[PDB]
Amino acid sequence: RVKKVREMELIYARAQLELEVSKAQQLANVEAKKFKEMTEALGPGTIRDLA
Amino acid sequence: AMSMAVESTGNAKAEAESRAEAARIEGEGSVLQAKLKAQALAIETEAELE
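Going down the list, the protein sequences come from chains K and J.
Quick note: the first sequence uses the entry's author numbering, first residue 761, plus one each step.
Quick note: the second sequence uses the entry's author numbering, first residue 711, plus one each step.
Some clues are possibly wrong.
Label pairs and their calculated CB-CB ranges [as the list claims (entries may be wrong)]:
no., chain 1, residue 1, chain 2, residue 2, range
1, J, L742, K, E767, 21 to 31 Å
2, J, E756, K, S782, 26 to 36 Å
3, J, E754, K, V790, 28 to 38 Å
4, K, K796, J, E754, 48 to 58 Å
5, J, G737, K, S782, 48 to 58 Å
6, K, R774, J, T755, 17 to 27 Å
7, J, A733, K, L770, 49 to 59 Å
8, J, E725, K, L770, 30 to 40 Å
9, K, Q785, J, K747, 25 to 35 Å
10, K, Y772, J, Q749, 19 to 29 Å
11, J, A744, K, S782, 43 to 53 Å
12, J, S740, K, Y772, 46 to 56 Å
Simulated from the structure, these hints should not be mistaken for lab results.
The beta-carbon is built from N, C-alpha and C at its ideal position, and this holds for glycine as well.
So here's chain J without its partners, still in its complex pose:
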């Protein structure tokens, strides 16, 4: 049951640390990505007023 655990937890942990790390990239992505949407959809909006 000791091996049962080390395997079990160690397993779902490997899969949810996968989960979270992949969204941590996606997350840091979505800031820098909406930061560029900012400047883009701002230059686009700006000469749209003129």
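Bound conformation, chain K alone:
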């Protein structure tokens, strides 16, 4: 009972771990990409003279 079911919810846990990751990974990308487009959009010194 347990060995079999242990393995069940366990395989799923893993394939839904990399699912967890991919999400967090893609979003982290789109944040940074947008943030790179932002940063570059105005003077790489303009951000400085604004600071």
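Using the hints provided, position chain J relative to the given structure of chain K.
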């Protein structure tokens, strides 16, 4: 006191040999019964994974 004993022991012996024989049935029962719980609560668990 000889009759006292034969009666006394013979009595509690009749009652505890009753005790033990009735649990010997119950005992041999609980194996064959958990042996079927096995197959039942295993088929039930098996198509519960699927």
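Hint by hint, here is what the structure shows:
| no. | hint | in the structure |
| --- | --- | --- |
| 1 | J/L742 x K/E767: 21 to 31 Å | holds (30 Å) |
| 2 | J/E756 x K/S782: 26 to 36 Å | holds (33 Å) |
| 3 | J/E754 x K/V790: 28 to 38 Å | violated (47 Å) |
| 4 | K/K796 x J/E754: 48 to 58 Å | holds (56 Å) |
| 5 | J/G737 x K/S782: 48 to 58 Å | holds (56 Å) |
| 6 | K/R774 x J/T755: 17 to 27 Å | holds (22 Å) |
| 7 | J/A733 x K/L770: 49 to 59 Å | violated (42 Å) |
| 8 | J/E725 x K/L770: 30 to 40 Å | violated (54 Å) |
| 9 | K/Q785 x J/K747: 25 to 35 Å | violated (47 Å) |
| 10 | K/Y772 x J/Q749: 19 to 29 Å | holds (27 Å) |
| 11 | J/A744 x K/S782: 43 to 53 Å | holds (46 Å) |
| 12 | J/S740 x K/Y772: 46 to 56 Å | violated (36 Å) |
Checked against the numbered hints listed earlier, the structure breaks hints 3, 7, 8, 9, 12; every other hint is satisfied.
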